[PDB]
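Novice: The lines below spell out each chain.
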Amino acid sequence: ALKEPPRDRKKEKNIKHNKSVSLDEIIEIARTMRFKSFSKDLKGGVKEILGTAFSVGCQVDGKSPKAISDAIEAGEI
Amino acid sequence: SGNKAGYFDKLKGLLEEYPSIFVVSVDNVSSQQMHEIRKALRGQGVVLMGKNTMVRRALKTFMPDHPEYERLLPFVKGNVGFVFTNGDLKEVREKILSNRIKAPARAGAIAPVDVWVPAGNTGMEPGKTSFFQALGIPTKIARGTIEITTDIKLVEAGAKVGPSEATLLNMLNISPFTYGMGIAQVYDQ
Amino acid sequence: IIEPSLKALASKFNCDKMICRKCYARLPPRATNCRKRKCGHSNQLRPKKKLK
Amino acid sequence: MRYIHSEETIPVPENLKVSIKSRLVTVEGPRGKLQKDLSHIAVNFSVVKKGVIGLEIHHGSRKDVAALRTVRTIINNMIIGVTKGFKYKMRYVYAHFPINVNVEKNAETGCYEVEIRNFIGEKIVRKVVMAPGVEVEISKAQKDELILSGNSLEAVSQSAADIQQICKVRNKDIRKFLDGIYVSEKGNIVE
RNA sequence: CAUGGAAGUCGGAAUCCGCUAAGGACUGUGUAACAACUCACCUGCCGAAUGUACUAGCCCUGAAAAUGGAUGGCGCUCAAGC
Ligand SMILES: [Mg+2]
Ligand SMILES: [Mg+2]
Ligand SMILES: [Mg+2]
Ligand SMILES: [Mg+2]
Ligand SMILES: [Mg+2]
Ligand SMILES: [Mg+2]
Ligand SMILES: [Mg+2]
Ligand SMILES: [Mg+2]
Ligand SMILES: [Zn+2]
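Residue numbers (PDB author numbering), protein chains in the order written: chain LK, 84 to 160; chain Ls, 5 to 193; chain Lm, 77 to 128; chain LH, 1 to 191.
To be clear, the hints were calculated from the coordinates, so they are not data collected in a lab.
Any given hint could turn out to be false.
Facing chain Lm, from chain LH, some residues (calculated, C-beta under 10 Å) [unchecked claim]:
#: 1; residue: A66
#: 2; residue: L68
#: 3; residue: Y92
#: 4; residue: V93
#: 5; residue: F97
#: 6; residue: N100
#: 7; residue: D162
#: 8; residue: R175
#: 9; residue: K176
#: 10; residue: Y182
#: 11; residue: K186
Even for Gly, the Cβ is constructed at its ideal location relative to N, Cα and C.
Kindly generate the complete structure, drawing on both the sequences and the hints.
Specialist: Take a look at the structure:
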């Protein structure tokens, strides 16, 4: 859903890699709906999974989705 | 063998902190069945199984930390698990006995007891009557539903179930197998 | 026509074989060395060509 | 490199008797009697326990020790055959010309004889005679089966191979002409 | 992302996490598309070894000619050979 503007018709025939989205609590906010359906020890595990889940988006600017999840230095909530 | 090292410290750390250890004999049970009991017992107690610990509990016997560990050495033979918990014996006596699954036959599975289909109406589509005629079962179609007029023996107890009958057992919701957790003798109880 | 299972049974005896590259001998499917002596027990084997 | 001691064991069930003399083995049980001669192999037979037969080789080479396990399974096959028998099955495989067989009864002796007609539409009538102790039957369970049964695995199997080897196609692509009779299952008479 | 339809398995581009002792955003089979099935990985049985690549001794393949035929002959196999 966090995609670049509108996905207009007749534009997906060519490459459609222009879906870059920002990496912030906005993606983390959307993780609360799932609420760690399969164990994961509350949202702490889900936050790491959800953060790296959007691996195609490559997070925001220099930061990468894998580095943020790998570095265990952020707050639980 | 990075995970191998993680097993050694995990086993020794958890055994000493919990004074009560319960052994469980689980065999040929679906993985999902252990998944739910792990989540159901997630709050209290942790279940953990691995390969036989030929010297890993014997190492716990060498130091005088628990003279009673060396008494429990011969009880392990194979596919026997241990449960680490702090609850009372009475409350955990039947706690892990829940969710006995209904295992279907596997095209030749030995039925311990004679299986019989009582007279009744299947209620399914009459296009499947070819399956009934394979066994030569007397069936009469009433109101578009297949009816068994007279009971027909499926397979004798202790005999291999026919591959057609084993498949036929699936849609009839009848099978001789009921899989559940097994309780082994613990601490000479 | 031939029943599918029967055609599989017959093919096991004259279709699924290994062939030596030196003496054209028939070998078992999992063989690694020819069994005949005139080729020196060579290990240059190729599968039997399928029909298509 | 010569190995000092190599040993194998054969259990014996409490139903039959076995006697060995001058490397000649005689096995007798509920379903009959069989004999085998092993005078060409240097083996030492002995009675390990009340119902176990032991055999061993001393100071043998790598090639000599190899035959030790071969002897053990052959004698075990004899024990199985006299208490459970053997049973082979065969099937007919044809595309256009049906294959007709006639398993006539004993021909004034214990031997059975099998007649095969109309192989790929040929005018030969081809005849094979089975070894003694082997009985050939036309199956009634389902179509196009030959059932061979007997006491000894060596005689039953070789006779079955005789039937398969006689139905051959010549000067044709055998990947296309799959005509013939083939063996499909091996097992015992009991269970 | 793709889309009459592609749920691992037309195709294009990425390869994280939960639960565990272990099972891959999968090596095939397979569905219009799901499914089903296989493999991968781990567990139960057993009882002490196992896997890959190289070096050089005897032997074997490579080894086809014209009268009958020559380790000198007979013959020899834990040799009467090296
Ligand atoms: Mg031709
Ligand atoms: Mg030479
Ligand atoms: Mg000479
Ligand atoms: Mg010479
Ligand atoms: Mg001389
Ligand atoms: Mg000497
Ligand atoms: Mg001399
Ligand atoms: Mg010398
Ligand atoms: Zn060859």
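Novice: Against each hint, give a clear statement of whether it holds in the structure.
Specialist: Tested hints:
Taken as an interface hint, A66 (chain LH) does not check out: its beta carbon lies about 17 Å from the nearest beta carbon of chain Lm, beyond 10 Å. For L68 (chain LH), the interface hint is violated, since its Cβ never comes within 10 Å of a Cβ in chain Lm; the closest pair sits about 23 Å apart. Using the Cβ-Cβ criterion of 10 Å, the hint placing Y92 (chain LH) at the interface with chain Lm is satisfied: the shortest such distance is roughly 9 Å. With a least beta-carbon distance of about 5 Å to chain Lm, the hint placing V93 (chain LH) at the interface is held under the 10 Å criterion.
Contact between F97 (chain LH) and chain Lm, as hinted, is not supported at the beta carbon level, the nearest pair being about 13 Å apart and thus beyond 10 Å. At about 17 Å, the closest approach between the beta carbon of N100 (chain LH) and any beta carbon in chain Lm exceeds 10 Å, and the interface hint on this residue is violated. The criterion of a C-beta within 10 Å of any C-beta in chain Lm is not met by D162 (chain LH), whose closest approach is roughly 15 Å, and the hint is violated. Look at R175 (chain LH): its Cβ gets to within about 4 Å of chain Lm, closer than 10 Å, so that hint holds up.
Here the hint on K176 (chain LH) is kept, as its CB sits about 6 Å from the closest CB of chain Lm, short of 10 Å. With a cut of 10 Å, the hint placing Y182 (chain LH) at the interface with chain Lm holds, because the nearest CB-to-CB distance is about 6 Å. Evaluation of the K186 (chain LH) hint against chain Lm yields a violated restraint, the C-beta minimum of about 14 Å exceeding 10 Å.
In terms of the numbered hints stated before, the structure departs from hints 1, 2, 5, 6, 7, 11, listed from lowest to highest.
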